[PDB]
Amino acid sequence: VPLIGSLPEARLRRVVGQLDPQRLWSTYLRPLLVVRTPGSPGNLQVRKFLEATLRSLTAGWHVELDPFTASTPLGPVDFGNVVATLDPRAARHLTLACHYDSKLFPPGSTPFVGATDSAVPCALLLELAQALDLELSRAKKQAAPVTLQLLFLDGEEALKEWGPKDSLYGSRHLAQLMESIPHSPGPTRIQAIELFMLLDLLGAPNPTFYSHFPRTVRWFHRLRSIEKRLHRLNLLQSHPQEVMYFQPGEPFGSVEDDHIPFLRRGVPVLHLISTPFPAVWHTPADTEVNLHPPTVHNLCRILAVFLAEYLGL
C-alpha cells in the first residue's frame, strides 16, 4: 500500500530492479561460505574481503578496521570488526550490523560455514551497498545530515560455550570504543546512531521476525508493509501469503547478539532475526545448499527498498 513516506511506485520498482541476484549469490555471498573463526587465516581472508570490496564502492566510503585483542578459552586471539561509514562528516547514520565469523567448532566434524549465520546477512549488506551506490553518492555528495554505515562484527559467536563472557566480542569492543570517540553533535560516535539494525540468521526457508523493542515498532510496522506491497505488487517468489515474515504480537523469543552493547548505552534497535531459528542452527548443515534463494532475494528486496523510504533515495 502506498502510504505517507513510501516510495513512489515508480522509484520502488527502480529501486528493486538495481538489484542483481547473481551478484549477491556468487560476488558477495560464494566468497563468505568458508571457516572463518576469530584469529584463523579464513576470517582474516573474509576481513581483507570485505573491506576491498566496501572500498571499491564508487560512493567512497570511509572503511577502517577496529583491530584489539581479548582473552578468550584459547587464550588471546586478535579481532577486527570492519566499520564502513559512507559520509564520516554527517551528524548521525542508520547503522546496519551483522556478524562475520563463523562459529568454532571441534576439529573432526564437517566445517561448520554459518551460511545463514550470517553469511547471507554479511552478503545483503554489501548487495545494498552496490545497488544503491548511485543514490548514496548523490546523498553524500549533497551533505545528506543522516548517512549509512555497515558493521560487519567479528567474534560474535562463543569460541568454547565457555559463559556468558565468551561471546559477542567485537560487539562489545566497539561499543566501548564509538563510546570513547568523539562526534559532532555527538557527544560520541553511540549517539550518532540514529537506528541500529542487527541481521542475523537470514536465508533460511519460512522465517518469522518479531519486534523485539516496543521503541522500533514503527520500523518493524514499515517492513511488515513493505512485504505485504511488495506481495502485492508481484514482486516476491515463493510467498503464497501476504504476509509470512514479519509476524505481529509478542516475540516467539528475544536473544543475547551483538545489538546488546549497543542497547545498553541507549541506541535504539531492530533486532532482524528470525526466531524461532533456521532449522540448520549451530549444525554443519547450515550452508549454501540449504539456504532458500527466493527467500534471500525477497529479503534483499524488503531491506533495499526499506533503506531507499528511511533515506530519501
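Residue numbers count along the first chain shown, from 1. Rigid core here is just the name for the largest C-alpha set that superposes within 1.5 Å across the two forms. First, how it differs from the form deposited in another entry.
- After superposition on the rigid core, the C-alpha displacement between these two forms reaches 2 Å or more for just one residue among 163, 76, 107, 182, namely 163.
- After superposing the rigid core, the C-alpha of residue 281 moves by less than 2 Å between these two forms.
- Relative to the superposed rigid core, residue 248 undergoes a CA displacement smaller than 2 Å between these two forms.
Let's see the other form, the form deposited in another entry, since the form deposited in one PDB entry is already up.
Coming up is the bare chain, nothing alongside it.
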C-alpha cells in the first residue's frame, strides 16, 4: 500500500474529496442517456454537450472535432469524433477514450440509451477532467512533458450486422487521421499516445476486469493496487472484499473495440472493459436504474487516483 509512484495519502484523500457524485450522475450522466445513433439529432446534441463541457473547464483543453462521411450497410452517414487534448504542445499524453454514440435498434421498441454502453464511461471522463481541473491546469502551465488527451468516439457501433466494415467508424478514422499528422518527437500523433486507456461497459454491478494486453499488465496492476488501498482506507461503498473489480491475472483475450485501429498502428492499449458483459447488455434494459451507483463511483475514485499517480498530480 505505501508502494512506489504512489500518492501520499493526504493528497489521495483530497483527490477523492474533490469528486462530486451528484455532478457525475446528473450534470454529466443523466443528460447523455438518450438515443444518439450516428448523425441523428440524438447524436449531435451529445456531441455538442461534450464539445462544450470540455471547453468550459478552466485548464482550457484544445477541443477539436474530427468529422467525416462513411459508407455504412445503410446510406452514407456523417460522423464527428471529439478530440480533447489538454496541452497539445506536450510531447506525449495519456489517452483515455470511450464512445458517445449508441446502438441503433429497429423502431417500435423501448428506445435504447445504453447506460453502460457507453453513457457511464463518457461521464466518468467528464468527471475526471472536472474533478482534476486545477491540478491539470497546474501541470499544463508547468509545461509538463506528458499531458492528457480525451477521446469521445463516434460510430463504434454498427448499423445492421457487426463486422470489419460496420463498427468503429470513428476510431478507424481518428487513427487514420492521427498517423497522417506530423508531431514531435513522433514521427506522427499516433506515437504521442503513451497509453491508450479505453473504457467500456461500465456501471453494471459487480464487474470483473482482467488484463487483456500483457504489454500493459503493469498498469493494470496499478489499478488492482489502487483498488486495495481505497478499500483499506475505507473509501469504497459496498466493497466487502479487498479485490472485487480488478482481478488477476492474464487471460486469453480480444474483444473488438475502439482500441483496435490504434493497436493496428502499434499503440499500447489498456482495455478497461468488464468481462462478462453487463447482463442487460444490448437490450432496452441498459438504462439509468440498472447501473450500480456505488460501483459507478468506486470506478470514479479508482480512476481518479490512477490519473493522478500517472501524471504525478
